[PDB]
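In structure tokens, the next block holds one chain alone, the form deposited in one PDB entry.
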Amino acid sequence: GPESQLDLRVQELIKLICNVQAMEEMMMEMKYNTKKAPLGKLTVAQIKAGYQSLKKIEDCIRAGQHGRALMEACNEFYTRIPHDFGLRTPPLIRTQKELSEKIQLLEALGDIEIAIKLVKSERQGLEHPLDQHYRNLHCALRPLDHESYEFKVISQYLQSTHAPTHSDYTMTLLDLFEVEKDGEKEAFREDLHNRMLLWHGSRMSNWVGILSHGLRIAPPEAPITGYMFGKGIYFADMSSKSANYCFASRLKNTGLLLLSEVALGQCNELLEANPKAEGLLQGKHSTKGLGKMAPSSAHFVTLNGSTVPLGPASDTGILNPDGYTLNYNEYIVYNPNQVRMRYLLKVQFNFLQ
């Protein structure tokens, strides 16, 4: 029809996150039967039925049941959520990392179902499909100049916080956008102290659901498997730590990074893992996992009432005597009204191949 009234950089962003064909590739790479259960026919009830199937699996794992009880619970999940292993027999889910891989499948399906409900809208004719999907996002995306001051700071925050033990790749900032989701500033806890700009990475199929619904907490019917500090919204002060959760590949080496204003408040500092630190706050507002390396406060600056923890990072003198020590920090909030998305980064992953 008529011309797209959006900036070309926004057009490329809408092009990249609304690629349903790309979500099919990622789902096929996770052994999801896109033929028997098409993504266009995915409903919330189907994902909810799979969540209840994973809960029965989590009960068998925590009860040591590795016999028929687990075989039928896995077959129930593999039936409600169809898979495709060729002519192979589907494997048994019995470990935390195996269970975590299946929950990440369901979390991805929920974000694809949101994106698919967005692309299959109507009002075709007057508005370009690019503007149609951007308007249905209900979230502003404004490109920033490469010579602007914000671009220099986010670039320094990008590279100076790249972890040393993540030498598998380097990251190049391609584009930078300003994020203003509708209804997010009206619920943000502006009263809370310890306002910091923290990283967050996610898979490519989750950005339409993230930009449109914000960062959400797991539903109650989902198992607690995989949450080191309970169900919440996890952030990090190291850019590469969050960029690993983008799961960029050598064939698909372009992902997105989200910078949000997190109202941490009084931090509950933890060392050992605890999937119930939410009930351990008692007046506190956030749980902070202490790592071995973190940026020092000497290089900290402020960007619109929020502290940017720039690098380079140094040793924190933190060690877990009776357990495992995190390499870097983890910030967890237990309510979406403590998070306000601000920046979106178009990041190119230069893998060490």
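Residue numbers count along the first chain shown, from 1. Superpose the two forms; the largest set of C-alphas matching within 1.5 Å is the rigid core. What changes on going to the form deposited in another entry:
Only one of 327, 307, 46, 65 has its Cα shifted by 2 Å or more between the two forms after fitting on the core, and that residue is 65.
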Contents of the next structure:
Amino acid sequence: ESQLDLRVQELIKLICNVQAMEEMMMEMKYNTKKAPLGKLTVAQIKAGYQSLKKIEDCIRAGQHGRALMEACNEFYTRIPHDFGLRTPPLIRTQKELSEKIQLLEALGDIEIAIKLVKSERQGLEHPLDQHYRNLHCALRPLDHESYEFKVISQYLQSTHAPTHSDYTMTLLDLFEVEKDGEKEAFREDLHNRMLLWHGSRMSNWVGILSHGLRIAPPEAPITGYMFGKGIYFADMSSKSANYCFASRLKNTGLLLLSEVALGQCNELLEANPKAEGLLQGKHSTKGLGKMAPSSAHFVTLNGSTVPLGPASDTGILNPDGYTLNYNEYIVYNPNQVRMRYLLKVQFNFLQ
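Having seen the form deposited in one PDB entry, please provide the structure of the form deposited in another entry.
Keep in mind that what follows is only the chain, not its partners or any molecules around it.
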């Protein structure tokens, strides 16, 4: 009938596509036929998180053996995987837990997406306008010659990590973001307000937009989060772009630039999942990397420090294989976040 800007319809179309959701889950080896995503419940997702913590309990307590296999057997029962020919493998490292956490994470935002897309069937509203309404989050496109588009494009290209050399990033569209209740709840008076990157999977963008960026649930095992249950940001565009998991086939992603009020940072050299306890007054955790932009080449876009620049070495040591190659910012309270811009990104793979 009558809708909205053609670039926003293309955004709503991309993120409300459940067919692509049904595929991303099979690439994570989730049996979508045994448990259709339509009949997804927060109770089953909670139950899977609990079983992951059970699995963690056996790992951290050295109780391998059967107690581990009994927990994986429970998790694999309530969260149906599809490896086809072989027995589903055990989960014996934090990498496997942190991978199952993403499955559950994505499986959570798919519940939110299907719930939202299954909402009002109003005859006086084109379907892409109902979804946009149920999002409760403004998405207004910016001119390609606008002040914001120019600095954000430089932010993307100037902070593409040298070690992420398999793709190039091309800004297809820039939307201004405003989630209802985010400005009014923001710690707008805290210092070190920075425009940082965050990237996630496609299925999660109805979640992050309608519900904001969120603290991990209580039922999740804390060993899957290298710095605690917080909202993770990067100052390197490609570091967040990697987390979009853009495919050679599906080479489109969404990057989010948010205002992050960090305040005083509790800078850590090596990951520590109990990092929130080490705050003790400080307002954020800064994962120190060996390569990052420099304070000289920074600018300020509409109130916030934009960490521009080519980026170089930081002098950061702790001789150990977990020396972050690039910096990592964590906040443990959604009030320190204000979603501000959204980028439609085209990944041009080079291999």
